[PDB]
Amino acid sequence: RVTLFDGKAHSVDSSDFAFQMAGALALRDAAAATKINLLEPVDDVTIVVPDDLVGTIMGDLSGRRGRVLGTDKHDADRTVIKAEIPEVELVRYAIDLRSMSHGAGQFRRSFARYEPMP
Amino acid sequence: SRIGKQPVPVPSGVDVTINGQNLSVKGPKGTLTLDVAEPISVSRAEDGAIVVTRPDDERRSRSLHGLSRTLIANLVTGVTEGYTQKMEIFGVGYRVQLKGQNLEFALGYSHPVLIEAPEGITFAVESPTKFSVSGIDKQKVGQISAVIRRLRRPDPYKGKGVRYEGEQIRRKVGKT
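Taken in order, these protein sequences are the chains called 5 and G.
Going letter by letter, the first sequence gives residues 603 to 720 in the entry's author numbering.
Going letter by letter, the second sequence gives residues 2 to 177 in the entry's author numbering.
Don't take every hint at face value.
[What the hints assert, rightly or not] Straight line, CA to CA, 20 angstroms or less: simulated DMTMM-like cross-link-like pairs of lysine to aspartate or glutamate:
#	chain 1	residue 1	chain 2	residue 2
1	5	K684	5	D645
2	G	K131	G	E105
3	G	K176	5	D662
4	G	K173	5	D662
5	G	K173	5	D698
6	G	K176	5	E691
7	G	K176	5	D698
8	5	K684	5	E717
9	5	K684	5	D662
10	G	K176	5	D653
11	G	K176	5	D654
12	5	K610	5	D631
[Unchecked claim] In silico contact screen, one side only, chain 5 against chain G (beta carbon under 10 angstroms); selected entries:
#	residue
13	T658
14	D662
15	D698
16	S701
17	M702
No lab work stands behind these hints, which were simulated from the structure alone.
Cβ coordinates follow ideal geometry from the N, Cα and C atoms, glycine included.
Using the sequences provided together with the hints, build the complete structure.
This is how it looks when you write it as structure tokens:
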């Protein structure tokens, strides 16, 4: 929210473009007068992996700052893992997972929301 | 010390000869010879045993006491019964088979590896993955068993190689 409470102008040297620039510079100064919050997106990831590798993937997500939401039994031998991971950590998630899984690693992602950087 | 004052029983079929410091033991599995250190005195307990005695209580004699006693005990139990230690081999394509006295191993090398049988010891393979080493002398059996064990470097990941009977090796995981 921007609240213009005062200002100055010239009888001859006042123009709409000049006031546009003045408002932009005032906003820039206000931004430099405080801190700026950076918001990064997070994508929910649902992964199907065998139950024998649950701990390894959970710890890998632990090193990936992932927030575990729940471990759902996909079937008698695989568990669906629901978790939201920042998109930065998912750039090379697939290759490492196929590693963490003898390729067995299958997952889907979808944008969830934006959150500030920790 | 505590081991030292325990006399060593002699089985019936065992012949024991003492010549000064020297000792010789003859039994069903063969003959063996030993020598004890000067401060330690060896005697034939007439009730059918061996007695080792240290005149002093100083460090060197007290250390040599139990050493000599255990050496004599191993000496007699080698000829009365013997020594036999068992080995297994783990992994795919890892095999053993005997060529007469010699022992032949396929350990994933480009070439097969061979081990001679030194004097006074024999190899007996039971299955292509399980074999045994037998001899009358404990020290030589242990030496050759260690040499066999060192054939392939430790493998914490897949556990391939030659292992002792009940050995529990440490293992880690290569995740990638």
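Consistency of the hints with the structure:
With a CA separation close to 11 angstroms, the supplied pair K684 (chain 5) and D645 (chain 5) stays within the 20 angstroms bound. At most 20 angstroms may separate the alpha-carbon atoms for a hinted pair to count; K131 (chain G) and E105 (chain G) meet this at roughly 13 angstroms. The straight-line distance between the Cα atoms of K176 (chain G) and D662 (chain 5) is roughly 11 angstroms, inside the 20 angstroms bound, and the hint therefore holds. For a cut-off of 20 angstroms, the pair hint linking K173 (chain G) to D662 (chain 5) stands: about 17 angstroms separates their Cα positions.
At most 20 angstroms may separate the alpha-carbon atoms for a hinted pair to count; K173 (chain G) and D698 (chain 5) meet this at roughly 19 angstroms. Between the alpha carbons of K176 (chain G) and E691 (chain 5) the distance comes to roughly 18 angstroms, so the proposed pair stays at or under 20 angstroms and holds. A threshold of 20 angstroms between alpha carbons decides the hint, and for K176 (chain G) with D698 (chain 5) the separation of about 10 angstroms falls inside it, so the pair holds. As the CA atoms of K684 (chain 5) and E717 (chain 5) are separated by approximately 18 angstroms, the hinted pair is consistent with the 20 angstroms bound.
At most 20 angstroms may separate the alpha-carbon atoms for a hinted pair to count; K684 (chain 5) and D662 (chain 5) meet this at roughly 14 angstroms. Between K176 (chain G) and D653 (chain 5), the direct Cα distance comes to roughly 16 angstroms. Compliance with the 20 angstroms bound is thereby established for this hinted pair. For the hint linking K176 (chain G) to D654 (chain 5), the alpha-carbon distance of about 13 angstroms falls within 20 angstroms, and the restraint holds. Of the supplied pair hints, the one linking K610 (chain 5) and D631 (chain 5) holds, its CA atoms being roughly 16 angstroms apart against a limit of 20 angstroms.
For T658 (chain 5), the interface hint holds, since its Cβ comes within 10 angstroms of a Cβ in chain G; the closest pair sits about 7 angstroms apart. Because the beta carbon of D662 (chain 5) sits about 8 angstroms from the nearest beta carbon in chain G, less than 10 angstroms, this interface hint is met. Annotation: interface hint on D698 (chain 5) holds; nearest CB of chain G at approximately 8 angstroms, less than 10 angstroms. This hint holds: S701 (chain 5) has a C-beta 5 angstroms from the nearest C-beta of chain G, less than the 10 angstroms allowed.
The restraint placing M702 (chain 5) at the interface with chain G holds, with a minimum CB-CB distance near 7 angstroms, inside the 10 angstroms limit.
Hint compliance for this structure: every hint is met.
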